[PDB]
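Shown below, as structure tokens, is a lone chain in the form deposited in one PDB entry; questions about how it binds or moves come after it.
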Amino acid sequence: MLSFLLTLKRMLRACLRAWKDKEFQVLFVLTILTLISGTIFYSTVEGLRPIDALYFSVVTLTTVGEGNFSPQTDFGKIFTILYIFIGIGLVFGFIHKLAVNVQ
């Protein structure tokens, strides 16, 4: 259905149009930064291969959760707790940004 594609593309444009908005860019960078930080921390303190440090940071920052790994060190547990709250702040950031992009 052509109606289908036209709608999809319209949406894809409204999407990319947002990837131009400065505030969206900031939020995006902050989460990429947060992901890098997490990849580093868990790689160092919990000693995971970088790929597994990133993976854990992702499933954790997004509240999906990891089914097997849990922070072993006390430093990791404390960091992860703060890490999670950073993620919540980020999402509220994005959410809020959408509530504004309506008017």
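Here, rigid core means the biggest group of C-alpha atoms that superpose within 1.5 Å across both forms. Positions refer to the first chain, counted from 1. What changes on going to the form deposited in another entry:
With the core superposed, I81 shows a C-alpha displacement below 2 Å between the two forms.
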Given for the second form:
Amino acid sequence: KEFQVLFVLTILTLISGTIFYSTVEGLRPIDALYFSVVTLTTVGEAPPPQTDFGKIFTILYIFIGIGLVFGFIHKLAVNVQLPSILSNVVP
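Take the protein just shown as the form deposited in one PDB entry and give its structure as the form deposited in another entry.
We keep it simple here and write out only the one chain, dropping partners and molecules.
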């Protein structure tokens, strides 16, 4: 399914960021995963990377990841959350 592919791609993208920021920025995996998530969702509740490699990766990560992550959120909202709500609203 479209949703299943987007879900997996999003997980892989977030794992990749988790590995990158935990390695290069010396973050605990949960901090690395959190940073990846608030970066790609554009929430941005975190200070900037300290290293030039962190900054370069983040620049490329944003352009590569944001379209995928927002596609996933759009399909989540449209093909999972919306039918669920409709179903919850029928007496």
